[PDB]
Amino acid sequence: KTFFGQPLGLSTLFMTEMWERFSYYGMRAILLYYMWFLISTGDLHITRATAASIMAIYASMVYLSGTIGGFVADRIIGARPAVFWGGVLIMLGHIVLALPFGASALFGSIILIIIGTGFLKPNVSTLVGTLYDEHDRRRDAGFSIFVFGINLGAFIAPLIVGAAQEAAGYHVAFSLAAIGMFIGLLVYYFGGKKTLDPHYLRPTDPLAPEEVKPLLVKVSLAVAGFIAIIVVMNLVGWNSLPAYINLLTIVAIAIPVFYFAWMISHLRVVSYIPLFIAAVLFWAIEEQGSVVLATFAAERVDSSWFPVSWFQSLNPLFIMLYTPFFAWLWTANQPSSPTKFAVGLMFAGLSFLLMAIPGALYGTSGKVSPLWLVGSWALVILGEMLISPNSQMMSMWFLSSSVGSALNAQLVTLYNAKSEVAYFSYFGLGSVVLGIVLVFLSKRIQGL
């Protein structure tokens, strides 16, 4: 007896991530619209450009938090307590939004989910590898199955949560996200005690006695310096919300910038720079689906007969549809890796180029077919299949996605009804050209 040929413990972790992704993307599907609503009632005193910027920097901090969660679990608390307490924080963050509060609850909700996702997301994937020995060949199949559960939750969540918001309002809809995470906790807690190795209730590489102090010193210097920067900012008058967002943008971009300049000072690392740039730029476009495309859907689409948040379901839908195809394709000369990044960046560019057409053809004061966004997501997910689809590279994928959203925090403020065609054309064409450049550089990168 198995779970699709895999250890029974996989079903638990399958369902665990399935409901966490449910809570996350269900929230992402309506959070921007919710901020619009808080703005329209005068409760929240920001612009839509700022609200869009918040969404992007929100995502950036979540991925950045994922780079640290692996460390905390492996060295301090253990992977299983990390997943559990990570989930509790995630749940609380959604409960905060379900409460009878307004804009005041936003920062509290955001902080909880960032810390929570940081603990849970990288360690659930870790616990998946736990299910297998070193020798096991089923590993790639199990992770593929595990990925499928991730996409399932991301698919049904905007459908359920989005419809709930339409029927019973925002507070009820956010509570469904909280309930979704709660279900994941029940299955994880009681299912884990049956199938998970008790060895991972504790850290696998616990701090040696002499390691405690320097780690404590290192963290303290980071917090103090960060606190110091904020102090100076408020002194010189850079203390509006766009200022703090720019600070986090700088921090998010500085982290890979420093690590590169660190390692650079044989030099094949230099050859990874274009790949990392290509990764950042792709994630920038892909992550704008929940921000820019979510805005386009709500303002420019004939979606009068269905919840407009449902458009967020297209991303994991096309992933699930494309996956068995590419699974077959990579088994049936297979193109190199820098080539995949170059072509993947092109498809992302075409997705934005396509969106420039309806505005250029019909104008931007009317409403267009929902099929335009359908074709756009189909293009960028096609590009995803080439670039994105575990170990130590998990950090770089967390980093690349984090930097992209940080870049988005700046870029999405430029998007509006007046700048629609220009926004989609330039960045659309811009990504295609850099995809062409990467093709020219593709041969050198191979062999390094």
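Positions refer to the first chain, counted from 1. Throughout, rigid core stands for the largest set of C-alpha atoms superposing within 1.5 Å between the two forms. What changes on going to the form deposited with ligand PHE bound:
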The other form holds:
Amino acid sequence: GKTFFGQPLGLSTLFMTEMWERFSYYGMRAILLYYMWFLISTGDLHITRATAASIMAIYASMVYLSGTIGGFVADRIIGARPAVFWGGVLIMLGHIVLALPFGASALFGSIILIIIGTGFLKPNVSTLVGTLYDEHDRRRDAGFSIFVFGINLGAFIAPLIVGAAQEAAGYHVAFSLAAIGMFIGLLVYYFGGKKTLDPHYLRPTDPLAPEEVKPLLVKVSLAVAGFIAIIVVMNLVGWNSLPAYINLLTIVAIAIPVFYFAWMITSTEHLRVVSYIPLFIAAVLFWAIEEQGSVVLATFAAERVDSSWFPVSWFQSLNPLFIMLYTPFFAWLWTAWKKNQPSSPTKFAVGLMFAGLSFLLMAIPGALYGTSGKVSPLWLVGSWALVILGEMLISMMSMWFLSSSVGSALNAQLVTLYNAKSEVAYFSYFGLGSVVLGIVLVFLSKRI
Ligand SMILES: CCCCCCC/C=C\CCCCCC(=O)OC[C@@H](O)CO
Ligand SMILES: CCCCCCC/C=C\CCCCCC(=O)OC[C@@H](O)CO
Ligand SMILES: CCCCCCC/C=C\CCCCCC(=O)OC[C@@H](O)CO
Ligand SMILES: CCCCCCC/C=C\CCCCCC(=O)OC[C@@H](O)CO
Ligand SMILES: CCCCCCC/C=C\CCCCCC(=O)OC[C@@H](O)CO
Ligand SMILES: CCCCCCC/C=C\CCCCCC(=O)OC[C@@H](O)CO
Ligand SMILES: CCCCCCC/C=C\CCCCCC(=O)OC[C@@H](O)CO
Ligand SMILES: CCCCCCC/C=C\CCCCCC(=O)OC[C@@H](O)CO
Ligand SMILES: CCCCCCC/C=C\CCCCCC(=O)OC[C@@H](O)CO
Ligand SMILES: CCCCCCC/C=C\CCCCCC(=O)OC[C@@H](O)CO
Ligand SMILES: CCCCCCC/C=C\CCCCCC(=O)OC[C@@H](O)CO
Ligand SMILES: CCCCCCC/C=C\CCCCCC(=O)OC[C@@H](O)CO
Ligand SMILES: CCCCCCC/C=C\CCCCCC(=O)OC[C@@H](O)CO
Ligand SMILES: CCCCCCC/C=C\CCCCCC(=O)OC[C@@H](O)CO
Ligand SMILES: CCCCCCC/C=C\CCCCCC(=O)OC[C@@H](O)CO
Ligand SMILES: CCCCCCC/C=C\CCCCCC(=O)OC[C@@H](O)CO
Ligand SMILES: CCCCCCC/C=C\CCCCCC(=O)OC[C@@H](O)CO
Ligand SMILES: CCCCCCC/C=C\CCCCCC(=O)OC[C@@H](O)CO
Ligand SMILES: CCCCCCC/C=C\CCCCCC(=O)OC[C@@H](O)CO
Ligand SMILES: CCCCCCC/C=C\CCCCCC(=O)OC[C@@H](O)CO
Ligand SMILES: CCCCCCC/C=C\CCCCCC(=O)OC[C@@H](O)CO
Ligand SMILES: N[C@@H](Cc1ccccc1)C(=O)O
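Complement to the form deposited without ligand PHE: the form deposited with ligand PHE bound:
Time for the whole complex; same chain goes first.
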């Protein structure tokens, strides 16, 4: 009987749905930094390029922090399938905002819409993939691997299409393509879902009991009130610049796992929770480096590379391209390698060392040739080749979204240090540091 690569046919609907959402997200991000550079260049947007880079990082951080509660809201309040649909709608609207004939004034509205939308859609589209399978089913992990391939499929073709469109017909048109991408995702999702998805997930699977409603409301109200109080105080004391607000979001993002871990810490349980701290840190630092590809490596692509024969935003395709290219091998690897299939911590250790190697490699062209000229595109190609080796090793949903969010929050401060005069030191020191405490994670690995 017909399947989608051996899997239930529903996977095809969810495959394409996420491929097109990821298309809209990554197509937009492959030109967003350049768009801000452009807005700065015309005097419309009053920030430094450093701050612009910082915005890209905290933006990514908020997008995944939002997903850490998206699952809850679907499971307990609105249902997984409506979460994805209305999430998709909010994302489309976010891209439409940028297609409108506005400038810097439209940036915030776009960002908020996409942050909220992605929080609803991403964890729940992934959750729905699981719903295709009985828990007894063995295909389940193959199904997600296919799903992830779809994620990177969209991530791969989006910069090629949106970037080319930007150079040809301008930014607004290019952003409109992203919106259209999400629109296409919603169409397939809506009509394909009705044919192939369980109507069980039109509603929340664990709806709030009567006595649970008021305490939840109290809880979120106190969080919103406290957050609002801090912003009030910040303006009183004069800490009300954009970087001040970015610093606030950074702190909140990092305070969450810290606050979390610190007071969940019988004696044995205590330690095994403490056992996952270094692995959480490993994921955070790895995703820090991985997410810098769209910021620092994007900057390097635009400023330090001779690629005058194609849109520089196309370098953003190398990351998911390598994912797709590496997948057949690692499929072969994990089967064929049966004994000594290594510690989940070790996969984290090595994965971080590779990330560290990817940056160390980028320290070389400036050390050898200087930083005022331009170097071969192959440095970036080699750099992404290394960091994606790590990502192959690295692959609750919330925690996963959380490690990423903290990584990008860290980036929001780090990437402000990058410039052509810091380049070599920047790459070398953050590169070495990552290798070193990926090695430190080897000393500790089995001590765990
Ligand atoms: C106009 C404002 C738009 C609001 C959209 C921005 C939302 C960004 C982040 C959502 C904050 C939720 C806090 C996350 C949280 O509670 O912790 C995650 C939970 O998994 C703890 O492990
Ligand atoms: C229609 C309103 C859209 C803007 C807000 C979207 C709703 C976002 C958050 C609602 C708060 C729900 C509480 C989140 C929460 O407590 O998460 C608990 C955490 O354990 C998640 O696993
Ligand atoms: C300026 C804001 C524009 C917003 C316009 C968006 C209107 C979109 C759809 C109109 C109603 C269709 C309802 C479809 C729906 O509820 O989907 C439910 C979802 O669970 C599908 O699986
Ligand atoms: C407890 C609630 C957490 C709130 C999370 C914060 C979500 C709100 C905004 C996030 C936007 C990130 C920064 C976007 C930005 O600075 O762009 C605006 C600027 O370009 C306009 O001049
Ligand atoms: C990069 C140019 C586009 C060509 C991509 C190949 C055809 C595109 C989509 C159909 C294949 C999607 C399923 C991918 C797949 O079979 O997964 C392989 C491996 O991860 C096992 O799950
Ligand atoms: C169905 C809703 C999602 C699809 C969005 C539909 C977008 C369709 C057309 C958007 C046109 C955007 C380009 C308009 C524009 O400002 O171009 C700038 C031009 O004047 C300079 O080259
Ligand atoms: C400049 C563009 C116009 C701005 C508003 C565009 C609104 C476009 C689309 C609204 C949501 C489309 C959702 C697609 C879908 O499958 O919905 C089906 C549902 O309505 C059937 O009841
Ligand atoms: C799109 C909806 C997101 C809701 C944002 C969260 C609002 C803040 C606190 C939760 C208040 C309870 C709202 C959920 C609710 O109405 O529960 C009713 C139902 O689950 C049981 O009666
Ligand atoms: C729903 C959660 C609380 C949001 C209600 C109060 C909203 C006020 C501020 C939201 C914090 C976002 C920080 C980004 C921001 O405000 O941009 C800074 C801009 O004014 C630069 O001057
Ligand atoms: C008021 C104390 C409540 C608990 C602490 C919560 C976080 C406290 C301060 C965070 C404010 C944002 C980061 C600090 C800040 O604004 O930097 C100032 C500087 O950027 C202005 O140029
Ligand atoms: C008693 C609580 C456990 C021990 C306290 C741990 C501290 C808790 C939260 C601190 C947030 C991390 C600091 C955020 C950060 O590194 O950003 C620095 C920068 O944004 C400040 O301008
Ligand atoms: C997997 C193999 C790829 C290895 C690539 C990384 C190679 C190892 C170290 C490269 C470090 C280059 C440091 C050059 C340097 O920092 O000196 C430059 C300085 O003197 C001028 O600013
Ligand atoms: C799986 C481990 C990855 C193995 C990677 C091995 C790569 C070995 C060395 C890479 C260092 C960069 C070489 C420096 C270089 O070629 O510069 C010379 C070049 O500019 C041509 O004149
Ligand atoms: C696994 C082998 C990969 C080779 C990595 C070795 C690369 C080490 C350093 C980068 C090449 C030297 C760059 C030129 C250099 O640093 O000379 C010092 C110069 O900057 C002082 O003016
Ligand atoms: C996105 C992948 C990057 C493609 C890797 C290609 C790297 C190899 C060579 C790049 C530059 C040399 C070939 C292009 C070139 O400069 O030809 C000369 C031309 O610019 C004269 O106008
Ligand atoms: C499966 C392979 C993954 C690991 C590969 C590591 C790649 C290491 C280095 C690649 C880039 C360094 C070589 C750059 C290069 O070709 O020199 C530039 C030369 O064209 C002068 O313009
Ligand atoms: C058949 C096994 C495949 C595994 C290949 C592993 C080889 C690791 C890295 C290959 C990258 C090539 C290193 C680039 C280099 O050495 O610089 C080239 C330089 O000579 C150009 O002038
Ligand atoms: C429990 C997991 C914790 C996650 C560990 C990651 C947080 C550790 C350190 C974050 C400190 C970042 C401070 C960077 C900084 O302030 O310097 C950049 C500054 O110059 C920006 O202008
Ligand atoms: C004993 C364990 C050591 C393992 C670390 C292996 C790391 C491999 C290569 C590291 C190359 C170091 C690069 C030198 C460096 O960063 O200094 C130059 C830098 O300051 C440029 O401004
Ligand atoms: C355990 C995670 C640690 C992550 C945070 C580490 C960052 C610490 C300090 C950053 C600011 C001062 C360090 C400056 C630096 O490392 O690079 C040199 C500078 O020229 C360019 O970055
Ligand atoms: C400048 C050249 C430095 C070369 C560094 C060589 C590789 C880096 C460190 C040696 C490997 C770790 C050595 C200690 C060790 O094996 O730890 C004990 C065991 O528990 C391993 O987990
Ligand atoms: N490249 C990953 C980034 C990511 C990791 C973890 C959570 C969310 C996003 C993706 O698009 O899925």
